[PDB]
Amino acid sequence: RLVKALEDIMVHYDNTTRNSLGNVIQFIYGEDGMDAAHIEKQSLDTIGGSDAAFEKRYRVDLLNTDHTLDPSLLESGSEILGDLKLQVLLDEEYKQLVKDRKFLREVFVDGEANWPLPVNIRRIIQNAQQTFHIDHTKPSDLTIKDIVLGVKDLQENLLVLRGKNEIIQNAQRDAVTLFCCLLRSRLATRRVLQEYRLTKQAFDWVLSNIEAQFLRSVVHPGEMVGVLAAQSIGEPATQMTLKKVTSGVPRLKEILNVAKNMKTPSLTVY
Amino acid sequence: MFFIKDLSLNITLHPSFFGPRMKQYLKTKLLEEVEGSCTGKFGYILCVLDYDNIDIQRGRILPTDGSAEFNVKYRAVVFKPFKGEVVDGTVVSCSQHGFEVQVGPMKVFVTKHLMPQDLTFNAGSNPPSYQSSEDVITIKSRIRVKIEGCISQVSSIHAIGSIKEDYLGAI
Amino acid sequence: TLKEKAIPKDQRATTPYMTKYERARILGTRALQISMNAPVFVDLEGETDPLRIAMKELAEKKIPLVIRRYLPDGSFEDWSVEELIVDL
Amino acid sequence: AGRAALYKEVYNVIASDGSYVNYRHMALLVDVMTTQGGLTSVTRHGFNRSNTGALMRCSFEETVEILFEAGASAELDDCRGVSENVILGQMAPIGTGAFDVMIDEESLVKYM
Amino acid sequence: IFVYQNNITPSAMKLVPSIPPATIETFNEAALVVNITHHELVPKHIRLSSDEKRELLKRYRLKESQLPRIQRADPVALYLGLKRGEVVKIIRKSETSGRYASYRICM
Amino acid sequence: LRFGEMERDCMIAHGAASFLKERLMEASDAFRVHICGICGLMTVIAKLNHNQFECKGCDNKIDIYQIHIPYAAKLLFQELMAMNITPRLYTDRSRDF
Amino acid sequence: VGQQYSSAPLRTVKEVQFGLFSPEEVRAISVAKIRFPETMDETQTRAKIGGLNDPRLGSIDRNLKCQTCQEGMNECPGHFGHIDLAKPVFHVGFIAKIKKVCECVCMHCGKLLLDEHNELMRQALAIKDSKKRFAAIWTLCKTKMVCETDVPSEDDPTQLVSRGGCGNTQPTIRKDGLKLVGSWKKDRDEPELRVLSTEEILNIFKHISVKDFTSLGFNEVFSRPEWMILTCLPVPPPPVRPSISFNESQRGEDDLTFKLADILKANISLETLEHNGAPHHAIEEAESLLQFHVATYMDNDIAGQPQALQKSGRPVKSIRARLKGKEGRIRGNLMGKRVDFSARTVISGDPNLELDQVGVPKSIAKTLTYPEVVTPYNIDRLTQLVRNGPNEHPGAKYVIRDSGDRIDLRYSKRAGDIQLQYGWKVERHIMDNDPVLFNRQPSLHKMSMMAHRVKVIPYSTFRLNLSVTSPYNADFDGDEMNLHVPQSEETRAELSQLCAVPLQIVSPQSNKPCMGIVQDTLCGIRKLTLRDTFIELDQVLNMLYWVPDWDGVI
Amino acid sequence: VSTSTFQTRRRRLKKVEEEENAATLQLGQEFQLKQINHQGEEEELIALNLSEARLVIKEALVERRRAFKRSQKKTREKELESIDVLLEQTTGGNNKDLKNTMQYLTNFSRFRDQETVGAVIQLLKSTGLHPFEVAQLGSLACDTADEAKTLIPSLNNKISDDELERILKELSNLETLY
RNA sequence: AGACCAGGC
RNA sequence: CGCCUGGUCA
Ligand SMILES: [Mg+2]
Ligand SMILES: [Zn+2]
Ligand SMILES: [Zn+2]
Ligand SMILES: [Zn+2]
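Chains as they are written, first to last, in the deposited numbering: chain W, 840 to 1081, 1092 to 1119; chain F, 1 to 171; chain D, 68 to 155; chain R, 1343 to 1454; chain Y, 109 to 215; chain V, 1128 to 1224; chain H, 2 to 189, 195 to 560; chain A, 3 to 76, 118 to 221.
No wet-lab data here; the hints were simulated from the structure. Note that beta-carbon positions come from the ideal geometry of N, C-alpha and C, so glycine has one too. One should not assume that every hint holds.
Said to hold, decoys possible - Negatives, chain F to chain H, calculated, CB over 10 angstroms:
{"id": "1", "residue": "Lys73"}
{"id": "2", "residue": "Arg75"}
{"id": "3", "residue": "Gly124"}
As the list claims (entries may be wrong) - Label-pair ranges, simulated between beta-carbon atoms:
{"id": "4", "chain 1": "Y", "residue 1": "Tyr187", "chain 2": "H", "residue 2": "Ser184", "range": "45 to 55 angstroms"}
{"id": "5", "chain 1": "A", "residue 1": "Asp127", "chain 2": "F", "residue 2": "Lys140", "range": "45 to 55 angstroms"}
{"id": "6", "chain 1": "A", "residue 1": "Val18", "chain 2": "Y", "residue 2": "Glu172", "range": "54 to 64 angstroms"}
{"id": "7", "chain 1": "A", "residue 1": "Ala24", "chain 2": "Y", "residue 2": "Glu172", "range": "48 to 58 angstroms"}
{"id": "8", "chain 1": "A", "residue 1": "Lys17", "chain 2": "H", "residue 2": "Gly422", "range": "30 to 40 angstroms"}
{"id": "9", "chain 1": "F", "residue 1": "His158", "chain 2": "A", "residue 2": "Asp127", "range": "17 to 27 angstroms"}
{"id": "10", "chain 1": "A", "residue 1": "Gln157", "chain 2": "V", "residue 2": "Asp1223", "range": "44 to 54 angstroms"}
{"id": "11", "chain 1": "F", "residue 1": "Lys140", "chain 2": "A", "residue 2": "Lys17", "range": "39 to 49 angstroms"}
{"id": "12", "chain 1": "A", "residue 1": "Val18", "chain 2": "H", "residue 2": "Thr278", "range": "47 to 57 angstroms"}
{"id": "13", "chain 1": "A", "residue 1": "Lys201", "chain 2": "F", "residue 2": "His158", "range": "25 to 35 angstroms"}
{"id": "14", "chain 1": "V", "residue 1": "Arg1222", "chain 2": "H", "residue 2": "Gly422", "range": "58 to 68 angstroms"}
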C-alpha cells in the first residue's frame, strides 16, 4: 500500500517533490533538499551549556585585558587590542551566535542537540589538522577580518536552490538556516583559534571543503523518493518481532487506515 | 498550380554515421527519400529548395539502440493536380479508347467519349491518331486539357480530363 | 507550445552539476553507441571496452551529447556534458 | 496541527521498536496523506481515488471496476505515472529517464 | 461577525449569503474560549495578496490545482476567514532545516 | 524466474529506468503492433509486405504508426475491447500541461 | 521485436483515451459476420466455418492466411469480429450507471430534471469534475419524481416560468437481477409496477441532450450513455481465447470460445421467435437468457447468485476475472512478469570474495548469455569464444548476423567455421566481471537487489560475500537467490553505476551504513585486538601478505 | 516515415468531411490561403505558374551544384541539354519525375528572364486575386476575357472583362519570344 | 493453461 | 507477504 501510494513521487529538476499530476507534495525534498545518505548526527554546541559557559567560549572582546584573544594565539594579537572597528564585526558575530541560541531553543525545545545534518564538520577539521601538521604551540596568521569575513562568505555559496528571484532565493535561506547555525557554531573566532589552532591555509581548506562537500549532499533531481520513503518505513515494519497503549504493527495499520474507532484513544493534558 | 510548400521529415540515424559530416549525410538521405516522392496530401514532391539552410535542429537519441532521430524541417516545390484544373501538355500514348496527355510529372488521360464527336479515331494510321475536319491529333501533338477527376495512387497520380468544352483542344 | 517550452541558455536555473542518473545514462548511452561502431573522440589508450572508452570520453568532456532537463510543466533546459560539472 | 500529530504518532510506532528512520520518509508519507485537503487514507478508499491516471489506479484493488467507469467517462491518461509506462513497455520518467539526451551536431565537429 | 451562545435557528442562517459583496461569519462561544492558533502544534499561517499568490504560481510554474489545500471549514482557515481561492503561507519550524515555507490554497 | 511487483519497486527506487524496461520488454513480452493515427486501436491491417496498411472503418492507409508494447498489454487491450471498452493508443499529446 | 521490417513509423504511446464502443464502430472494425455458433468442421472436414473463429479473422494450424494478411500466428494480432444482437442488452458493469442515469432524466421526453432554474443545481453545475458532478446531480434529482413543466425563476414564487413539457410522473427505480423496475404513484391510489425494457431505456438515452450528456459526466465523442447498452457485440479474435490442440483429431477450445457459442445460440433462438410464432411474453423468457450470457461473458462473480457453471461444475472465467488483481493480467502479467536471462540456486557464504562479487557456478555461466556486438576491439576475442563452442566455459553459443538469422553454434554444420562480421552479434557466455543484478525475496529495500561482479566458480552455488548478507536479509540454511543478467551495454551501465553493492553501503533509509562485519570476522576482530594479544614474526608476516594492498613495509 | 506538414489538426476520431477538390478555389486543407511558415508565422499560399517554376527549380538545382563542390575539395532545344546536365550532377537521376517536370516546365514555359517573370508577377499581384488564379493566368495563353473567365471559372465575378483583358494584353506583350 | 493439496525462507 | 519446488487431479 505504502508503495502503491507513492510510486509516482520524485524530486523534480526544480527541487520540488511532486507526483504524476504535478502536484507539489513537498516544495523542497525533506524540508532541506538533502539526500539522506549524506547525513550524520552532529551536535549543535550553541544549544547546550549554561548561559555562563557560552560566553567563555564564543565571546571575544578586543577592548579588554581579560576578554581579548591572547596574542599567543593570533599573529596580529597585540596590534589588535582595543581596535573599535574590529570589535563591531566581532560584536556582530556574537549578536548572531546568540540569536541562534534562542532560535534553536525554539525549534528543538527538548534541549536535544544531536541531529542529522549534511557535511560532517567535526571530521572535516580533524583532517585539516594532521593534514598540515598544525602545532598547538606557535600562533595563527588569520586576520580577525579573515575568519568572520570568509565564514559569512561561505554561507553565500551553500546552494540548495538557485532561483533568480525573491520567492525562490528566500526559500534558499530557509533550507540552509539550521545548517548555518551548526556552521557558525564551529567557525566562531575564539573556537577557530583557541580550540583548533588553524592557520590561513588550514582554514581556507576547511572552508573550500565544506562548500563542495555540501553541494554533494544535495538531492539529485531524479530520485524516486516515493518508493524510497515507502520502503524505508514498510521494511522496518517486517522486522517488528512482537505503557499500555496500542503497540506497533496493529497500530500502524490503524493509522494508515485513518480509522475512527481506535482501540486506545487516550489523551495527555498538561 | 505548382506549389512551394513547407514540409518536415524525421530521419533515424544509426550511431555508425555519428561522425563529423553528419549534417551532410542527413541532408543526403532527406533527398533520397523525399525528392521524387508522392502523396495525395502533397502530391508530387519534386525539388528541395534552399539546400543550404535546411534545418536539422538537435536530434535526440532513441533509447534502446543509439540511433538518433532528427526532425528535418525543409521547403520544396510540389504539384498536385485538381479536378476542374486546366492544364496543357504533350500527348504520349494514344489508342482506340483515347489518348493520354502528359502534364508535368503526371499523365492525364482523355476518353474517346470525353472529346467531341466530329473527332473520330483512325486505326490504320502510323503513328496511331485521331482525325477531325481540320484537326489531327497524334503523338507529339500539344493539347490543352481540363482535369475532370483525380485518382491518387502508389507513388503517382492519374486523372481523367476532357476537351469537350470550349477553348480546349489543340494549339 | 515549442520554443516557448525551451528556456534560454541564460535564465537557466537547474543544477550546474550532473545528476548521478544523467552521468549514469550518458556513459551508458555513449557506451552503447561506441559498441554500435560509432566514432570515438578520444585516443583509445589501448582501451577496448565501450563503457571503459565512454568513461574516458566523459573525462575529457569530449562527449557530443546534450541533456535536456524537463520541468514539471513541460518546459526544459539544455545542458552539455561539456558544461556540466562532474563531481559525484 | 493534524499533520503534526499524524506524523508524531507514526514516528512513535517506528520508535517503539528501537528502530530509526530519517524524518523525511515518514514526513513525505505524512504529507502525501495531508496535502489534498484533510486526512486522505492510504487505501482503496482514499488515495487510490485521486485524479491520478486510470491505468495507474488500475493496478491496485479495483482494477476492472475502475477501468469500466474509465471509458464510460472517457478519461484521459497522461502516461506520467510510473505504472503507466511499465504497462506500455516504455521507459518511465524515473531517474535515468527524467530527461532526454541529444547529439549536438555542433559540438560533434569541434571534436576532431 | 456574529457570536452565538448555544445556537442559531436553521431559519436564520439561510440569510447570510444574500447580500453581496459584504460577507458574514458564524462563531460559537465555547469554540472561541481558547485560541487554537495558540496551540503547540498549530504553526502560523498568513494570507496572500492576489498578487503574492499570482507570484507564488509564476515562480513555481504551478497551475492552481497542484497546490496543497486547506479546508474552507478548516479551524484556522476560518480564524482568518479564508475564501475559495485565497492562499495561505504556512511557516513552521523543522528538525531538518530551521524553518520550512509551505503554501495551502483553499477549496 | 520471476521479476514481480516488489522487484520492480526496487528498480524504480534505484531509478534504474532502462534496465527496468529491458526486464519487462526485451527479456519477456515485447511485441510490435500497428495503430490508427485516428482511432486509438489495433484495427490496422498491416500486410508488411506490399506495404499495404489500411484500416477500413476509420478508413486509412496513410496515418498509421507502429509501436512496441508488452504482448500482455496487446492482450489487456483486446480483452478490454471485447468488453466493449475503448483504450485509445495515441502517439502525441494534445492536452498539454 | 515482433520481427520483420515495416515502413511504418514508430512512436511511443503518450496518451490513452478511454471510451465506449459505438455499435456502428464495432461493425466498421469487424472483419467477420459470425453467424454460426460452431467452431469448424466443414461437416467433420477440418478447417473453420465462415461462422465463428476465422470467418476471415485470425488463425491456427500454422497457415499464413489471416485475410491475406499472412504473417501467421506470430505477428498477426487478432482481428475483431462482431455479432448483431437480437435485442439490446445491458453491460454487466454499467447497470450501476444506466440505472443511476435514468433516475437523473425523465422518460417520454428525455431531459434533465433540474435546470439552471433550480439553484441548488447551479452549484452542482460548476464543479468541473465528471466524477463529482454526476455524483451531486444525481443526489439532487434522484428525489424529485415529477418532470416539472413550470418552475419559479429568479424572481417571484408567484410568477411561474416554463421550459420543457410533460410532467409524466417519474418512477423510483430498484435493481432486481439484471433488470430495472420502477413503481409509478397515482393519486386520487396504489402503485403500478412494470419492467423497463432495454429497448426502451436505450431509446430515452438516445434522445438525451447533447449538453445533457456532458452535464452528466459523459462525452459526445467517446462515451455517450446510449452506448452503455449493447446493440452490436465485438467478438475477440483467437489469440484472446486461443484453442489448444492435442495433435489433431481432438478439440481444445477456450472458456470464452464457449460463452460466445452460448451468447450466439441464445441470440439465434430469440430472432427465430420474433419472425415466427412469437408468444409475445414467452419471448422475454428467453430474451433474459441473452441478457444473462452477455452479462456473464464479461462478469461472472455477481450478486444474483446464478454462477452459470460450465457442465462439470466449473465456474467459467469471465473476461473480468482475467484482469482481476494479482495473478491477473494487470497486476500479474504487466506490473510483473517472468523473464529470460535469469537463474536461481542455493546461496552459501565465501570469505574470499570481495564484497561486490558474486560466485556464479560454471553450470549457469554456460547457460546464461550476453549479446555482444562484433567490434574491431573484440573481433578477435569473440572469434575465439565462438571457436570455443557452447561447451568449454569461456565461449559462446549463438551468433547472429545483420540479416536477422540465428546461428545455433551447437549444431550448425559451420560452428568451427565462421568469420564474424563487424556489426554482427555473438551471444556469448557470462564471464568474470559481467555486472549482474542479484537479489533475495521478499524485496522491500532498494538493497534487496544489488549489482555484483560475476566470478565464475565450480560447485552449484551462488557464493556471495558475507558482509553483504544483512542487506539481502539472507542466511545459508537452504536459502535461494535470484540472478538477472543485463542485456544492452546501457543496461549494464545502470547496474554498475547505480546498483553496484559499494554504492549501497550507506543507506538513506536511516542515514547510516547498512552492511557491517558479522560472525567470525567480528568475533575474531575483537580477540585479535586486545592489549593482551600479541603476534610473532613467522605469522605476522603471513598476515601481512594476505592484505592484498600491503605496501611491503613490515 | 512519410513527411508531416506544419499544422497539428486535432483529428478527434470522426474523420468524415473530406470536401471535394474543384476550381471552387477549395483546395485540400493542405492548401488554404492561410498556411504557416516554419518560423511559425502565417503566409500566403505559394502558387508558381509554369516557367516561374522552371526558374525556382533551376535556381536551387544550381546553387546546389555549388554547395556540392564547396565540400568536394574535402534557347529552347539548347536549354534541354543544358538542364539534363544540371540533373545528372545534382539530382537523384532516378527522379524520372524531375526530368519530366523540367522538360515540360522548360517547353511550355512562357518567360526566360527573371526580369520578365518578375514584371509578370508585379502586374498580376495587384489584382487581389487568389494565388491559384494568379498562377493559371501566368501559365495559360488567353486572348479573350471569355477564354480566361472560362478556363479559370473561379474568376467570373472577381474582375470586369475589360480589366482582365488589359492584363491579358500586357501578357502577350511581355510573353518572351523564341 | 487452471482449481486442490504437500513442501520450502 | 512474496517467491520457489513439489504433485495431484484426471
Ligand atoms: Mg532462512
Ligand atoms: Zn482506424
Ligand atoms: Zn491477420
Ligand atoms: Zn419528460
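Now the hints, each set against the structure:
no.: 1; hint: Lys73; result: holds, 17 angstroms
no.: 2; hint: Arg75; result: holds, 21 angstroms
no.: 3; hint: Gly124; result: holds, 45 angstroms
no.: 4; hint: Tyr187(Y) <-> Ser184(H): 45 to 55 angstroms; result: holds, 50 angstroms
no.: 5; hint: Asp127(A) <-> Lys140(F): 45 to 55 angstroms; result: violated, 19 angstroms
no.: 6; hint: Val18(A) <-> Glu172(Y): 54 to 64 angstroms; result: violated, 38 angstroms
no.: 7; hint: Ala24(A) <-> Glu172(Y): 48 to 58 angstroms; result: holds, 49 angstroms
no.: 8; hint: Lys17(A) <-> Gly422(H): 30 to 40 angstroms; result: violated, 59 angstroms
no.: 9; hint: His158(F) <-> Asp127(A): 17 to 27 angstroms; result: holds, 26 angstroms
no.: 10; hint: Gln157(A) <-> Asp1223(V): 44 to 54 angstroms; result: holds, 46 angstroms
no.: 11; hint: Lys140(F) <-> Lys17(A): 39 to 49 angstroms; result: holds, 44 angstroms
no.: 12; hint: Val18(A) <-> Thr278(H): 47 to 57 angstroms; result: violated, 36 angstroms
no.: 13; hint: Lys201(A) <-> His158(F): 25 to 35 angstroms; result: holds, 31 angstroms
no.: 14; hint: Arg1222(V) <-> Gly422(H): 58 to 68 angstroms; result: holds, 60 angstroms
Hint violations for this structure: numbers 5, 6, 8, 12, all remaining hints satisfied.
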